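*Asks:* For reference, the chains in residue letters:
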Amino acid sequence: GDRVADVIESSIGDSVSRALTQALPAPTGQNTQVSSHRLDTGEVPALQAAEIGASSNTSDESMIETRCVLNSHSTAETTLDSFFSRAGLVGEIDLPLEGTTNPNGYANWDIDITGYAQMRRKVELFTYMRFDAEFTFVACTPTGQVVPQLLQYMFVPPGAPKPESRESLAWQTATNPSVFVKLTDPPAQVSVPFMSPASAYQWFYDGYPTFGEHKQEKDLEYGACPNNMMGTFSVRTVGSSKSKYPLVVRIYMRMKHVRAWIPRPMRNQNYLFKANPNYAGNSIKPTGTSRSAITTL
Amino acid sequence: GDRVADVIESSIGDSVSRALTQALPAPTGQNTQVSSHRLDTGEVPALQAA
Amino acid sequence: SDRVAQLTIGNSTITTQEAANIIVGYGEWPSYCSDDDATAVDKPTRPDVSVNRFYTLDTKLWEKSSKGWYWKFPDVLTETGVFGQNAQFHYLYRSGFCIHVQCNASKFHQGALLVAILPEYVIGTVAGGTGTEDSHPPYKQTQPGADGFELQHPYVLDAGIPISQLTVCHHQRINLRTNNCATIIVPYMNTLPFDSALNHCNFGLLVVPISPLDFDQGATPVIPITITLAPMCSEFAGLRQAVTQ
Amino acid sequence: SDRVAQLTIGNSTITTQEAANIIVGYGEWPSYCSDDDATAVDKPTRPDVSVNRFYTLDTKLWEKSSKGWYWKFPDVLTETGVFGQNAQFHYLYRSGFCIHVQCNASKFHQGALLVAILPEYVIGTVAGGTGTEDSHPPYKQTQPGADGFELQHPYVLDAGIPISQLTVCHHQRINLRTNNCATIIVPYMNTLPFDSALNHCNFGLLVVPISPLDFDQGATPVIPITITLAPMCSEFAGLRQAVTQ
Amino acid sequence: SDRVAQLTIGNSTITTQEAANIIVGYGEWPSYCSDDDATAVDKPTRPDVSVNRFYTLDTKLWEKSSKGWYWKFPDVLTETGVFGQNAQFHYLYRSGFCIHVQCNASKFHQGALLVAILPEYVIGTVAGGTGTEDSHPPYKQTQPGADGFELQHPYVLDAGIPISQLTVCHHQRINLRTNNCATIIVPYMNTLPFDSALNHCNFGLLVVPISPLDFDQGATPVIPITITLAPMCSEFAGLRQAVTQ
Ligand SMILES: CCCCCCCCCCCCC/C=C/[C@H](O)[C@H](N)CO
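Chains A, B, C, D and E, in that order, are what the protein sequence lines are. What the first sequence shows, in the UniProt record's numbering, is residues 566 to 862, in sequence order. What the second sequence shows, in the UniProt record's numbering, is residues 566 to 615, in sequence order. What the third sequence shows, in the UniProt record's numbering, is residues 79 to 323, in sequence order. What the fourth sequence shows, in the UniProt record's numbering, is residues 79 to 323, in sequence order. What the fifth sequence shows, in the UniProt record's numbering, is residues 79 to 323, in sequence order.
Next comes chain A alone, as it looks inside the complex:
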């Protein structure tokens, strides 16, 4: 039991989060109210102190004579579902016959949705995002031709054996999930849960995963979060022999049940690499367009 007064009157162990703000409903845009003229002293709503770090609480009712406007413009299309529940390209797998890419008939793809700029810049608006997903696989020939071929889409989680071939033993999918499809069918579409050991994925990780000295050898590890390495996507031509059709598998991901935290500045520079916020330092481009002078247009 607690006897001394500094321990009885202590705020240690206050687990309850003390919040200043509260979320209120805003199904529509705020309505404008009627305003008249103001000719007094002391009350000066146009003057702010931006050094506070807050934003201006000035409205148009206090800057001009306004009318009543009953707004019925909905804020429903700015939600995170409506902004992210839109399938976009996150992956592309090529299965050729001759060449170097994948000449054996199988292809493993380390899952990362940071290889296509248009979906990456949408997620990197936040640093933490938690969601369930819906992946869709659009398979076709280079020319776009639909051909009579069977494939197997195996999810290889981390730790499970990756297939070293088409005739491999990992393809028996006794415990790993798999999808068999013909190219003549609609694209395969499966729903995936939130599968992180953490409470949210994170597109930016300011740190190293491992302890120890950090020399130039193990500097690749900077930024790598194992909580986002969700495993491997594998694909093959179901068969003991060589296929006759070249193939491409394109992967489209749609988020659902989205939560996000901590918005960030948006990428203005061209991406260069996967899971690396590097940029071209010689060819730094300004965020927008330029002028000849500041007094013109």
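None of these hints come from the bench; they were simulated from the model. Treat the hints with caution; some may be incorrect.
[To be verified] Cut-off 25 Å, straight-line C-alpha distance, at most; resulting in silico cross-link-like pairs (SDA-like, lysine to any residue): (1) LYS142(E) <-> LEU291(E); (2) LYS850(A) <-> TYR233(C); (3) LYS783(A) <-> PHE227(C); (4) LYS145(E) <-> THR304(E); (5) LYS145(C) <-> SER848(A).
With chain A held as given, fit chains B, C, D and E with the ligand onto it using these hints.
*Replies:* Frame of chain A; chains B, C, D and E with the ligand shown alone:
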């Protein structure tokens, strides 16, 4: 009739003159009252802003 | 009533006569880890006054040709006082912070600094300039400590992201004709309830001049910027030998 | 609470951080014409926001050798905006005003301006100097417009009346070590409920330095005076073609 | 609310815009002599407004090489006005005081003065320097009047007692960057209810610069110190011819 809110909540047509002052009777000069010494802060009636 | 502030935590006290206000980050004050959010079962140590107190790191000089500086948290306190021993002796760490930046100048001085908190401030590099080399930052740039590091390209924050949208995070300004202190209170921000203090840095602290310092020849040309910061609601768990990195 | 003011009328807004107060003229706020005081039977147009708004005329320079300037109302707005079209298209006119004069200087500048409203400011002349000629002022001196006119003999206000007794009308001071704005609110003052805006000017606006401007060599020598004014409770009646004079 | 003060007593009035506060000495306001404390049986005269009013003595200059000045009470008012006639015509005297010291300077001036009230400020001398001579101060050093006297050794206050412990009496500071007036209200302090004003001085008034005055070449180098003081609750008893000493 008036329907929109900017017209209902309007001060247009306010013909009544809004006066700040009021004329009071002064048949005599103002009397002088007794005063004593003042040795405080804050209350400084000699200082003006002309 | 709002330009004066006294910040007392521990055995430490800051005065300011020319303040703006206090920024409480994301409208959350720092707190302790609840039993629902917790997963580790060891009892954490909660040293109230020996680690939750104001620490003063160093002093950067605001010159005309300045570009900016960043500091990474909690790397700034991993070699300092009792905090940087509990953090080395333990494996897990949880804390908020009160950051407080100081820059004094006269009434004949002009300039502005953006003082901002960027979570998970991952550091990119110029990639050889051409963008072909997949270069990486060394350890003395991602965890630079109390000395901080000088921004090479502060327009993109050395991460390809514009400085102009950085007010979407926490921030204050130090406008020398209005204020000389900038006080931000940051809660613990991570996907996990605890994490390592030596491997992972939760956020960065940027100090960038948007408007450049200017004065006429005769005034005090040394305008220092001093970083002063206090942990809040600190918690440590998982005790073993002291390792530094 | 009294040095700060925001004046909002129409689509216009003035801020001031270094004010004195607002002078409400003769303790009467502007009003509309009652049915008892009215004689004309036509319905007047009352355009609320398109004419009752702040208009900015021009900028006079306060030099060392200044003497003063005057502006005549409503002649200043008979070629400007929607007011100066309703006033030309109509025959009758009624309005108050909010005048607002701006002069900014440093804390190392000194000087004072008397900013006063003189009703029926009839302009006399030197009469040849000897007083024998019965000279008269031209039209570009009695109705000088937004450009205003420079006083020749501001001791007598070019009317034979002393400047020293001019505080019996409305006035403020602009003392540069105390204030930089002067706000006067004037009602409609005439023997009639309406009158012509082009033929008759209700009052004048004098800006005279009583104390001369002084500064040491190195300070900003251009100290502008800017006139900014808003009609109030405007009313127009008797519509015909647009005539300018 | 606390930096502004108006002190009205009699036909006299002081304004200050840059004050600290008023010091009421030993938490006792001045009072009149009770019938229990009184021993003399004659009726005392209590002239309310002709002696209880602010008197202005003279003006000392604060130079760089200053050391300090002292004034002895009531010797400062024994040749001045109606007080210094009632005090000469009578034998007994009782009063409090309100002392008020004035020193104006700019915001580019720095310095501090200790303004203190030392009861029974007996004046010692250097004793020949060697301490063998039992020298004594002349009359123009123990009762120097309104002109005051310049301290030779202000460290020991020319009495062998340290200046540093002088805040144990009444005091204010005049810090030129904070205040320009110092107001102390002193009651009658003596072992007796009345006493002679010409033979006995109740207290002294020290004005010593602890921090020296400094300014750069171009500013006003004449920084005057002006003593201004008002009796309070004055009382005189025992009437005979006017003797000056
Ligand atoms: C036939 C079954 C196939 C199912 C495959 C679904 C894979 C599930 C992974 C979805 C989660 C992706 C989250 C990725 C995060 C980022 O790429 C990492 N932070 C890497 O930068």
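*Asks:* Now look at each hint and say whether the structure bears it out.
*Replies:* Status of the hints after comparison with the structure:
1. For the suggested pair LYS142(E) and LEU291(E), the alpha carbons sit about 6 Å apart, so the restraint of at most 25 Å is met.
2. Restraint check for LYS850(A) and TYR233(C): the C-alpha separation of about 10 Å stays at or below 25 Å, so the hint holds.
3. As the CA atoms of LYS783(A) and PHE227(C) are separated by approximately 21 Å, the hinted pair is consistent with the 25 Å bound.
4. At most 25 Å may separate the alpha-carbon atoms for a hinted pair to count; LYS145(E) and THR304(E) meet this at roughly 16 Å.
5. Straight-line distance between C-alpha atoms of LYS145(C) and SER848(A) comes to about 19 Å, which keeps the hinted pair within the 25 Å bound.
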